[PDB]
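Trainee: Chain by chain, the residues:
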Amino acid sequence: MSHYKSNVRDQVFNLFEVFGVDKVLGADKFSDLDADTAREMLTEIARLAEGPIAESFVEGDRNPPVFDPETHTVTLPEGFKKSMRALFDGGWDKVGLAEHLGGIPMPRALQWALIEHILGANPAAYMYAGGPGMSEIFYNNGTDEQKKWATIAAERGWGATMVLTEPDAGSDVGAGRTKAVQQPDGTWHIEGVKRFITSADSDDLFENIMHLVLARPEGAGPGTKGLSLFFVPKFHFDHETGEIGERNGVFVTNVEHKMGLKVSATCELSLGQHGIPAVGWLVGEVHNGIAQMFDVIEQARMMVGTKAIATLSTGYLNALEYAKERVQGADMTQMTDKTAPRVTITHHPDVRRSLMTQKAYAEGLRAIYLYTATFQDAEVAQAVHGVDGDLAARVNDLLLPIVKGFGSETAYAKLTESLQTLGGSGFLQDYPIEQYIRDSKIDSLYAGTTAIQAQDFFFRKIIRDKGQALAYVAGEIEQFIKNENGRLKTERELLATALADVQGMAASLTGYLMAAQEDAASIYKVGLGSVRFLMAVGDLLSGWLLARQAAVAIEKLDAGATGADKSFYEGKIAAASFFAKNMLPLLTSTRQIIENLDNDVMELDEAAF
Amino acid sequence: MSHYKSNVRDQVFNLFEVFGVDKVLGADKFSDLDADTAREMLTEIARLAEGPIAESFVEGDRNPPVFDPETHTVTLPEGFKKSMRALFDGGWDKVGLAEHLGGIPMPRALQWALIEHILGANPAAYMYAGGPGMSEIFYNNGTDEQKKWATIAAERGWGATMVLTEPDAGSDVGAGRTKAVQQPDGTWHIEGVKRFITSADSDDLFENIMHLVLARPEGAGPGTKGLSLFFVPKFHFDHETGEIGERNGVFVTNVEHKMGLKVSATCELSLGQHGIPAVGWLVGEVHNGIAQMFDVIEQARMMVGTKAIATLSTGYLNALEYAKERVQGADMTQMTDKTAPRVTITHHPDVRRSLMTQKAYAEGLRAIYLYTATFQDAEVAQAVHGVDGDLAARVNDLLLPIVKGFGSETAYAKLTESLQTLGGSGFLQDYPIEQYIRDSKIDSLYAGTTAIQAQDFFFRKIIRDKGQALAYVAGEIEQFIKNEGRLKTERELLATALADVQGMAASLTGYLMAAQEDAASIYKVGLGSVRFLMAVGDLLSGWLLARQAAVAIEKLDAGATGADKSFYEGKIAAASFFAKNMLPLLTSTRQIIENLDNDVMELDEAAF
Ligand SMILES: CCCCCCCCCCCCCCCC(=O)SCCNC(=O)CCNC(=O)[C@H](O)C(C)(C)COP(=O)(O)OP(=O)(O)OC[C@H]1O[C@@H](n2cnc3c(N)ncnc32)[C@H](O)[C@@H]1OP(=O)(O)O
Ligand SMILES: CCCCCCCCCCCCCCCC(=O)SCCNC(=O)CCNC(=O)[C@H](O)C(C)(C)COP(=O)(O)OP(=O)(O)OC[C@H]1O[C@@H](n2cnc3c(N)ncnc32)[C@H](O)[C@@H]1OP(=O)(O)O
Ligand SMILES: Cc1cc2nc3c(=O)[nH]c(=O)nc-3n(C[C@H](O)[C@H](O)[C@H](O)COP(=O)(O)OP(=O)(O)OC[C@H]3O[C@@H](n4cnc5c(N)ncnc54)[C@H](O)[C@@H]3O)c2cc1C
Ligand SMILES: Cc1cc2nc3c(=O)[nH]c(=O)nc-3n(C[C@H](O)[C@H](O)[C@H](O)COP(=O)(O)OP(=O)(O)OC[C@H]3O[C@@H](n4cnc5c(N)ncnc54)[C@H](O)[C@@H]3O)c2cc1C
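Quick note, the sequences are listed as chains A and B, same order.
Reading the first sequence from the start, the letters are residues 1 to 609 in this note's numbering.
Reading the second sequence from the start, the letters are residues 1001 to 1608 in this note's numbering.
Just so you know, the hints here were simulated from the structure itself, not pulled from any lab data.
Heads up, a few of these hints could be off.
Beta-carbon label-pair distances, calculated as ranges [claimed, not checked]:
no., chain 1, residue 1, chain 2, residue 2, range
1, A, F16, B, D1465, 50 to 58 Å
2, A, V66, B, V1066, 31 to 39 Å
3, A, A291, B, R1047, 40 to 48 Å
4, B, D1604, A, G486, 17 to 25 Å
5, B, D1604, A, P341, 16 to 24 Å
DSS-like mimics (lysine-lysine), calculated; alpha carbons at most 25 Å apart, straight line [stated by the list, open to error]:
no., chain 1, residue 1, chain 2, residue 2
6, A, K338, B, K1179
7, A, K179, A, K225
8, B, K1555, A, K466
9, A, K225, B, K1338
10, B, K1482, B, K1555
All residues carry an ideal CB built from backbone N, CA and C; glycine is no exception.
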């Protein structure tokens, strides 16, 4: 079959046996979707992903898009367009879209489980297919008349983009200089040059593209708060029917050459520079740009983390399948005997260590994103966790930088282990792992770098939140530790240490912040430790959710599981125990390092580096 | 300028101010090469590397070699061939080569500092240039007659390969099935298919190629001990004059498509399968192949480690230059103020943390490989360390798996920080870091995977050695810790690290002994082997950086100014940073290794 190896079994385990998302299925907004239908849809998109979507994964990398600078368009390889059309023909660009836009209502946890398969098989395909999702965000934020346009865009399958970045404004979105000039009739003319814009042209995939552009109204103040958000279509259109009209003044003027994600056209986007106005409409007819655009950023950050996680999963399963069949060397118990039988490399300790490291992080990361998604519907958060909608919203916001920052860094790092398992053959393009690595390196960068994720996590999702979301999650970990049954005692002990280590880091970083009121340079220590802190919280959450999974697996085994199910559950116990014993203790040293941070490295002269 | 950013200053700092290799220069075997000449040599090859060698780094990746099945040859991009001709025209392919083969005698520590520049600028260029070195190894192992051919090869500048691997024989070289059939005239016909052979064809770079090939004589025993080594030239030649004659039956049959290191042609090599025999000559007219071939493997392991270290160094210096000029955001003390002046990103804590991490590992890794090289000459090891030849050889053997395994893994991991510093632009081919990462991934694989390095390090370099080389090195660390305030906290952290590593070694040794009674206990050694190798690497890094800081302090107190002063200040900051941020993790690693169990070994394969 193809490069892409699905894990629907693990999705169903999380969704149904661990988190109990089927509790909300068959009722209320999910009236017409029941559990078994949910399982059928997971199986269907996984087969679709393993077949027609994965089919063009290599082709898109080896035959990347070609730019015509005179027409300002891109030509995509035909195999990839065939995969996109299979995605459209199944309606999968409409998963989780509201019913009034032609969607199938469903909890976000199931939506992201479905999308994982597209992201593991050919992640740029989901990126090109984000149009309908962006249309819903435009609908929610729009005027009544804009809601009509959003409905047309969703129904007609328009593409979409999020246009923030400029050469001088990447992490610092608020330095953007793209300008908006108000017209008497209430439209605006957008003038400037954006860069790194994903999908800014997409060949003939779509009838139109909705660019959602951040720009600064003439005379507005500085920073992100002076930015407004504009609906800037590639083509003007009939506002009543959707019929495409004159080309609007927004043109791709370069396409980047990238390490990976090559089939995803990443564009310099010129507005108002070619003698034709880039007409924009103010989104919701209010100046509230950074807030509106963050509705999109939140989904892109979830998507990017889930992509990284999906990629590690298929990288692990490729490595595992290879290790099961590769014969090399004798068992270590016979390494002195040069006539001993040769064994498959799964017999070797370092290979088993490597594979379990991959497995535990891949499955811990899947649990994290599905756990995060459990707080993205108030009904689900109430049904499975018993929390109100306000706390649910704060917990989801807390977890998003973990999913994005921890997921992206972890997935890339452990794909090193997946590739190593293949030996020399891992370095070949014949196997998919080297492309997984290249495709996933970007996940620590776009949608906000890891350092940006770490600062958001600490400054906004803990300090500004007054630690409510964090205290909730820490309390749920504590309950698991307290409610002994004794077969997970050492794991609970190790978790208790890791929770205390992370509580220490949070208190230390908060202390450096509080001490900055009298010595401003103390705040630098927050920066110095923020990413290590973010990564420690992800390890703690991975450890906890793996341990919860192990507890459910213990129940299912005690009850009499057999066959493939038994092996599945046995692997869950092994992963949780392995993770508790080999990853969690490192947090103690990370606590001590963070408790002792000094500003020596901030005081060093730049010339000394 | 080129992508390649060199660091001759750190090299000379290591060679002359820290280790004192200038003690041996200008006398004896090094009679005619003084310290000024050595420094001019480093600067010249650094210029070459930044100039014509680096010129074709991108070209070799974007326009890679092509296999021609019509001729069973590989075609190389013209720009890379011009880089190769610049290397040859300067004689750099004969550095550290024996004087009698046309080389310039020098200590290995200077040889590897020189080679570092080629490996940073375009590492495949050094790989194609291994011919003369391999010729000297053939000379040292050869019969009287074979020494004449080796001299011809070195002098005509033939290329060379090391031919071991087969599809079923990679880490387990002893499983190789390629066979050798003795002929009435004493030559051998070699019959087999080898895989992943570096440089197995090289277009028109060379007049001939010497393949050094491991193969099993008919009737020989199993395993590596049953293997012999054969000189198998691409063309037959006159054994007296070097005149090239008829084609020998050794053909490239494919070129692999790789993640990186693309301009290095990696080929399936077919011996005796295209209708004419692959005639080989038994090296030394002795059956001793794996021991002879390890003369080559040792140099390849040193080379791979140094390559990875070199690539991290130019990766770091690229990220540093970018960060000094990239303006983004306000200083963190002004983060609330949307009016505040924007700053270059070297003002941001996470960027400074990132850059210092890259710096401390790059310079600690350089110090490690140069330190290792000081044990590769008996004269140097005596002069700078006061060790005799037997212990120097064992210490070198101990450190090789560290240079290779720890160097390769560490360089690739930390290049992630280098790319991160560039932001979104790091993901672009317009900057070199993305190729550095791709070209660097293989360094954990060829010349023996990291797990092979870790097993060699523990079983062969410690246990078989009765821990003598290791106790020697631990004793040097302890001397530094005990000897003579500005480095008190660093020495305290080093003392904890040394005890951590000692505990790791004792725990693993215990697991190995228990295997006399419970054979499965040996699995626990395998489970902890790589983490133990990496921890020793971190300990050596911290110790050598701290030594560097101690020297830096002396030079500052003696009045260093200007650029020198900034350089020395950075050494003190890197040593302090490394000790406080990397070394403490070893304590948690010791505790994990102390409680390893076999649960993961007993798990059913179907549970994964
Ligand atoms: C399921 C449907 C899928 C949708 C379609 C997706 C597919 C698209 C295909 C391609 C996507 C590829 C991946 C994304 C592509 C990109 O990379 S787009 C560019 C990404 N850019 C960033 O992520 C910015 C990075 N920088 C920062 O985040 C930085 O921290 C910012 C810029 C926020 C700092 O500026 P400040 O001005 O200092 O911000 P401040 O803290 O003061 O807050 C101002 C203002 O912003 C809102 N805000 C800030 N942070 C958040 C968060 N985490 N969440 C929501 N809202 C946030 C607030 O309105 C805040 O105002 P307050 O008064 O509330 O403080
Ligand atoms: C200045 C010159 C520049 C470089 C030269 C030109 C380069 C041009 C080409 C560029 C090369 C690019 C990178 C290298 C290319 C490659 O990858 S080539 C293939 C590499 N293959 C390996 O490295 C093998 C990996 N596997 C092992 O090492 C494994 O551990 C082995 C195969 C050793 C296990 O087999 P065993 O049979 O079980 O080994 P054993 O321990 O029992 O010992 C047998 C025998 O081997 C010798 N030996 C073993 N280990 C060493 C070491 N570290 N050093 C020296 N010798 C060793 C011994 O002779 C031993 O016998 P004993 O009686 O002493 O035990
Ligand atoms: C670009 C490139 C260049 C090369 N150049 C050359 C060259 O010039 N000449 C040459 O002869 N060879 C060369 N090689 C071959 C190279 O040395 C091998 O690929 C390497 O030794 C690993 O062998 P393998 O690929 O068969 O992997 P395998 O040996 O099959 O290893 C697969 C996995 O199993 C693990 N493993 C294997 N055995 C054990 C064990 N006993 N204990 C624990 N884990 C184990 C490995 O560590 C790895 O994770 C090259 C390879 C490449 C990719
Ligand atoms: C493939 C790809 C696709 C993209 N698609 C889109 C898209 O569709 N739409 C869009 O709007 N943008 C897009 N981007 C832009 C991407 O979001 C930015 O590249 C990213 O935010 C980083 O900004 P930058 O590249 O300018 O790096 P910089 O902001 O210059 O960052 C450089 C380094 O400095 C660090 N840094 C910067 N500021 C701070 C700070 N205050 N504190 C600490 N560290 C800091 C960063 O962490 C990084 O290490 C894309 C980028 C890529 C690579």
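Trainee: Next, verify each hint and record whether it holds.
Mentor: Hints, one by one, checked against the model:
1. A beta carbon spacing of about 56 Å between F16(A) and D1465(B) agrees with the range 50 to 58 Å that was offered as a hint.
2. At roughly 22 Å, the beta carbons of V66(A) and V1066(B) sit outside the given window of 31 to 39 Å.
3. Distance hint for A291(A) and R1047(B): a CB-CB separation of about 54 Å, inconsistent with the stated range 40 to 48 Å.
4. Taken as a hint, the range 17 to 25 Å holds for the pair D1604(B) and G486(A), whose Cβ atoms sit roughly 23 Å apart.
5. Checked against the hint of 16 to 24 Å, the pair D1604(B) and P341(A) passes, with Cβ atoms roughly 20 Å apart.
6. A distance of roughly 18 Å separates the Cα atoms of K338(A) and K1179(B); the hinted pair therefore holds under the 25 Å criterion.
7. Between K179(A) and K225(A), the direct Cα distance comes to roughly 14 Å. Compliance with the 25 Å bound is thereby established for this hinted pair.
8. Only pairs whose Cα atoms come within 25 Å are accepted, and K1555(B) paired with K466(A) is rejected, the gap being roughly 50 Å.
9. Restraint check for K225(A) and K1338(B): satisfied, since their Cα atoms lie roughly 9 Å apart, inside the 25 Å limit.
10. Restraint check for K1482(B) and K1555(B): satisfied, since their Cα atoms lie roughly 21 Å apart, inside the 25 Å limit.
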